[PDB]
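Consider the single chain below, provided in structure tokens and representing the form solved without this ligand.
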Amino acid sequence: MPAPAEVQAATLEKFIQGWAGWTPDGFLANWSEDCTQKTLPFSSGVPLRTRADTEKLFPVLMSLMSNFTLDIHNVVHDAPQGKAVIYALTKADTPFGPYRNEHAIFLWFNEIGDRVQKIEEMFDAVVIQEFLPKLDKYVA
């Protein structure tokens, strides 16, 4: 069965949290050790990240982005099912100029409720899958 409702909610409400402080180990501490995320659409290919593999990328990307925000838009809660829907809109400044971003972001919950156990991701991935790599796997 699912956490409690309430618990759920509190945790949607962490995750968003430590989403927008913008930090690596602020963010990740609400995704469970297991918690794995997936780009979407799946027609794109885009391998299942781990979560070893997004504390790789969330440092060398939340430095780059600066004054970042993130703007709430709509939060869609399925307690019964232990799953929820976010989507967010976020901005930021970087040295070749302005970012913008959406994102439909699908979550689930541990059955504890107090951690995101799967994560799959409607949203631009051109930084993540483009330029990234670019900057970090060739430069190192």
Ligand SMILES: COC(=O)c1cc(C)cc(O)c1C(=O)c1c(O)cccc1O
Contents of the next structure:
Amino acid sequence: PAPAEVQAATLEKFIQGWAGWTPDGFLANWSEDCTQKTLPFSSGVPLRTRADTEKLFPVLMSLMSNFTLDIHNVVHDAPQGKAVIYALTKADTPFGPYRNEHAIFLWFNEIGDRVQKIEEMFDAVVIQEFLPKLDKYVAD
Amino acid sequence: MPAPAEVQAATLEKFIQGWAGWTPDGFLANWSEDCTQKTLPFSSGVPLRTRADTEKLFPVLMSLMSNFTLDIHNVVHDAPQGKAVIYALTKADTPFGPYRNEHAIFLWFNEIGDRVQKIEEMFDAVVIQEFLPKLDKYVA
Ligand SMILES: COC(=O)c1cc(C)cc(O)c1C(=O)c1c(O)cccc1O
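Form solved without this ligand done, so how does the form solved in complex with this ligand look?
To see the whole picture, the full complex is given below, headed by that same chain.
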């Protein structure tokens, strides 16, 4: 894997792209083959490709305003090219305040300048429930 | 400063082995006497467990799940920070049907590096929080 300081720079940019709460900014640090997989595996939530995320995050980020990201724990394994972030998110929607918490497992690419794989344990009800309901709305 | 990386890694290995062994004394041998456990997410408000609390828990729990298996999916070790994360999948048989769980478990080592000092654990907490205390009503 890449040197620790190269990986660490990517890890920091990943976090600031998330905190920036824009689709292009967040995806800037994905590799081209990067995927996101919701945990636990038992929930059977389909993998998200980079393209899936480009289509999904504009509406999702528009729904949640005043987004703030609290980084509670960062664990960086430079010899393995891996990291974990525990993050707490807060936002507003018309349905009131919004909160989530994420245990996000990251793999860096070999060059070390991108995130190549994400596995994420979080409250997935929005992508599990509310999103089959948009598929049918644009279907209608 | 943190313990030697090599010792932390060995403690991580032993912690996993004590978990897999599915006995109270075997698993808690790798917890410091002051070790605490915190169920994640924080929004669930589950009170911190002391080591003593956990010593009362694990006996009847481990007694109720048979053929316990522990599969280690991901280990992320930050030796400079004296921390690690494990992603693990567990299964067991119970008289009510099969048990499955998955755990994103954040660990901190003690100064010598031969014990885990602090645990924060994202997992399905329903059995511990809902099923086990229905047996607290039984005792009384
Ligand atoms: C627009 O979403 C993101 O930027 C996002 C970002 C990261 C690092 C993890 C996520 O899980 C999400 C997300 O998908 C999401 C969601 O699906 C529902 C609510 C809040 C969220 O942050």
